[PDB]
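Encoded as structure tokens, the following chain is the form deposited in one PDB entry, with no partner shown.
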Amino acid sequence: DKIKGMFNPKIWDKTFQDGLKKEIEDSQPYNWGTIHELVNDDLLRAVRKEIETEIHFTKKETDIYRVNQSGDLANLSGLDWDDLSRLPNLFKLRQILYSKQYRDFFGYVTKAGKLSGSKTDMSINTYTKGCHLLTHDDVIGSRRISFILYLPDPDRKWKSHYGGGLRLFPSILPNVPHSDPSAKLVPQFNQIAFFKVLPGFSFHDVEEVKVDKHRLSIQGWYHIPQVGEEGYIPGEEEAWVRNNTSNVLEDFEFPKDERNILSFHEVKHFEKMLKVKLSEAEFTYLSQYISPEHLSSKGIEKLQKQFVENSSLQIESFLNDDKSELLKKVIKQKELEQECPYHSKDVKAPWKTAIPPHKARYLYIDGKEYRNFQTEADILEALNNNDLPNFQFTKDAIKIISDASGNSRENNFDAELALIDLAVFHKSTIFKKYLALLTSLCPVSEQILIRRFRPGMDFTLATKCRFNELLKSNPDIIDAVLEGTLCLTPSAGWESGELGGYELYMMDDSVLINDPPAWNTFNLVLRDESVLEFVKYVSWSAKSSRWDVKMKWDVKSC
């Protein structure tokens, strides 16, 4: 048997097979398996060499990933699955993996039943330093089992600190993965990792590659049997796709994309002004935080003109010298002298973790009562007991925790307190008057968040604004959300190192803004329904978190 002989002879042994089936049954957080030294060593070495000589990889980055790919439609990479003339060993590899012999073995140990021999579905990718793939479940089309065969250097050990681990996530509920993974597989040459595709459950990701090494892999899927194949059931595939394609789940997303309506006093002030002038006292108040260049008569005129022309502002050195210096000092001190929580269970007041991880992950201060979501019950409690932001109470709580601890260089809340003070400034009636002056728009609601995006952990994905549905019938209220981001990231290397963390606004060139983290910048965007936004995953190589203050307002023409 020329097929059987191209695999490790152990895989044809009944005792081995039963042992592996048991391993898979007993695995966590959902059923998965691995086999070491799977394929004939000479064959797999020859495949690696063919790939190196015949395939050219191209970096592709999206919100969800950065991966060096070879699957371009025109086959300019050199990989054409319809014509493997220059890769005969790869041809042999695909043939043996989709053989009846292997499929019968593989379907048995995974309890997946019959698998398609003809619907071959493989991809060849490399992950180099900074490459990653964020949380997802693989539930697409007729996929039945996911597999990844790893081909890093056969004569060197791939090490845990290299990154590139396959990580698997437990679930709080179906389609609601826990923020932190519970298993990690470190890939080696000729090792295969695999799992039955599980709608709602099979959440996994590829840990960023943290060093200058090349993680080469062949990712594939076994599919539901097709017409004329063993195990084919007419209608099975159609039913599977339908049941996986066909908004209760938004309840499990935190923070909520919700704004609170402003006071009668506030709205009157904005209306009165826009039906042109700030008092000297009001300018004095603004000058406590904002640079003089953005408060001068001609500075304001320029900003007003820019907003009219672009429906956005990108302001540099937004905060004045005093506040910029204060914030830089306290943020740098926290970055360099304090320990950051790197698991949601370890996050303490005033911080929360954005969830679920197939949508976002980051730390935030919202001014609401402390939440740490580890169980379904924790989430249900929050939903039954909505509370509203209160930044002064949050400040108060911080002082009491701090005074109990001693307020040292290791545990002080100087950064959080300074950032909350900044949030309170932006919550002030006078700030919103200034915002109204710049935009000729009348804020009627607000949400303010302080965010920290940790290296190797944090990101958001491309999403649209959420309109205040109670305000939809109001003809004065514009069909848009005004969104501000005050970036306070003190480290460098973001652009040159491609460290992620950039704020991206695009139309659904479609890119409106692509802004790597910087220090003391203020972005303002009037978002209509279609505009997409995200903050890119922050690389482990970043020398600080991305820190910012995120602000959102419903607005009326005034």
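C-alpha atoms forming the largest set that superposes within 1.5 Å between two forms make up the rigid core. Numbering follows the first chain given and starts at 1. Only residues modelled in both forms are compared. First, how it differs from the form deposited in another entry.
- Note: rigid core superposed between these two forms; among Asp212, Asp322, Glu410, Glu230, the CA shift is 2 Å or more only at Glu230.
- Here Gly78 counts as shifted, since its C-alpha moves by at least 2 Å between these two forms after the core is aligned.
- Comparing the forms between these two forms on their rigid core, the Cα displacement of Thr58 stays under 2 Å.
- Put the two forms on the same core and the Cα of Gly497 is off by 2 Å or more between these two forms.
- Regions that shift between these two forms, defined as runs of three or more consecutive residues whose CA atoms all move by 2 angstroms or more after core superposition, comprise 74 to 79, 227 to 231, 234 to 236, 495 to 497.
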Given for the second form:
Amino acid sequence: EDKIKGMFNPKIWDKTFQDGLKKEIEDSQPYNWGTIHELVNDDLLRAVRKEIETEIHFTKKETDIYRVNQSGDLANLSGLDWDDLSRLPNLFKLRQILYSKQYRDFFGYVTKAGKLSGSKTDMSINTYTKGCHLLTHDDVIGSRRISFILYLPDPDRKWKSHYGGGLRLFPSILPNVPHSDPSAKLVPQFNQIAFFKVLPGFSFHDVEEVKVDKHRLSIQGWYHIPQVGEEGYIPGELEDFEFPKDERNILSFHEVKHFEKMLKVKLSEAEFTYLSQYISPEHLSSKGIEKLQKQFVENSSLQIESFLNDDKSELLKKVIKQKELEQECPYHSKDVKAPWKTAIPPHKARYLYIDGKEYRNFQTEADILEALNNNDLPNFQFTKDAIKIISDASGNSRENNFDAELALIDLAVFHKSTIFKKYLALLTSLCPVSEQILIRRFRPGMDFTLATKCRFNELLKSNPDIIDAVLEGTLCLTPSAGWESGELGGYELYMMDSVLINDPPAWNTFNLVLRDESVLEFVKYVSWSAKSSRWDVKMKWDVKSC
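Could you give the coordinates for the form deposited in another entry, as opposed to the form deposited in one PDB entry above?
Here you get just the chain by itself.
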């Protein structure tokens, strides 16, 4: 058609504009990308927005990595059928011009992408409303070659930075290892397009949570590698960088023999006394133990309420609330200080944790390689010792004290005790043979994990006595309200590869799950709107049957 070029801003046909844009994309950071303002005929795009509002039904969908209002799921009668746009003539026209030979020649030229398919049209229409988000990903799927997003928020009002919903780009520490924190954030406006060549290991981006009751509407899509022969196209013409590691340390022979001897309520008065320092009387009585045992036999899981006793519940709630209220939480990995670490990389997870290992702050490749050449083991008492020194020098003020960290480490030490593992073996009739304990904090608007399976200990795979499962515990210490609906996120989700557990954050609960090879788990992204972080203690053990 003669009219296709005239449906765009005439600047994109100007050689001088094209060459300048090609150079800007070439020299962009943190990987090659670009943006064009006022792309399309304003009346056309306005007409498209009206059609969308009028004709398209959006359906909220939530997974580990996103919450979005989609229109594309053809498992909904509601699902948008791109083969039938009878009532969206202007949308039909928009797709036609974006995949035109004319536009593709311009666009492939400035992005240095090579040939682009005109027939492989690939678009979807979505809105992000309050709490909606999409976490870090690189778009690498199939024949996708260039990613684009055309923004259609209200054309007569400015989208503002504090609304959220920014497009964020993440720089590379090394290939397939994006930095945890983004280095650029685009605030989208009507008739702006953002785009980038899809680059395995590099083109990491996300959609910042929408923080207000506004509708962030977009059309997002891809240009693909052409079909074979299309316009003459001829084909052909990392676990190491994850922290913390999903690894456990084997227990001493002293411990393991204790558990065996017991399994072949046999705890002593002194052991019950020790347990009663932390655990509520309810769960140490003969009746309570029997109930928990029966529950674990039937479900291969426990969900305990009011796990810790009142003394320790009161202490931990106090110091955690004080820290929430009176201290400045770091919101960039560079600002995080001992004893905390940031989980990396961000296309897998982001949260703060205490593991008892020497301090690490991963800003460069050198930082990571140094850790990989010098593996060290957890030691929580040394971590405590280190905190005291830091703490004395500064002065232990309301603003800088480590009261929460010290109380939490004391709790970790309890769960590390031989006697606690004996109680665990009693509840489960399983013998722990390894352990990993982590204290975790999931900050509002930053932190999450994605759905993953347990990681078997490879060295133990051939041991017949060791169960093909990982026993996993979670002690939640989240003192704030408003979580019950799941709307603020932070819920612990266990599901089969159908949901086994879906528990929003709560105060003083203990979940215990025997995971076989296929069970998936994650902690959902915590909304910016949450009233505190999710705080918990995570425990994992290899087990043998005795």
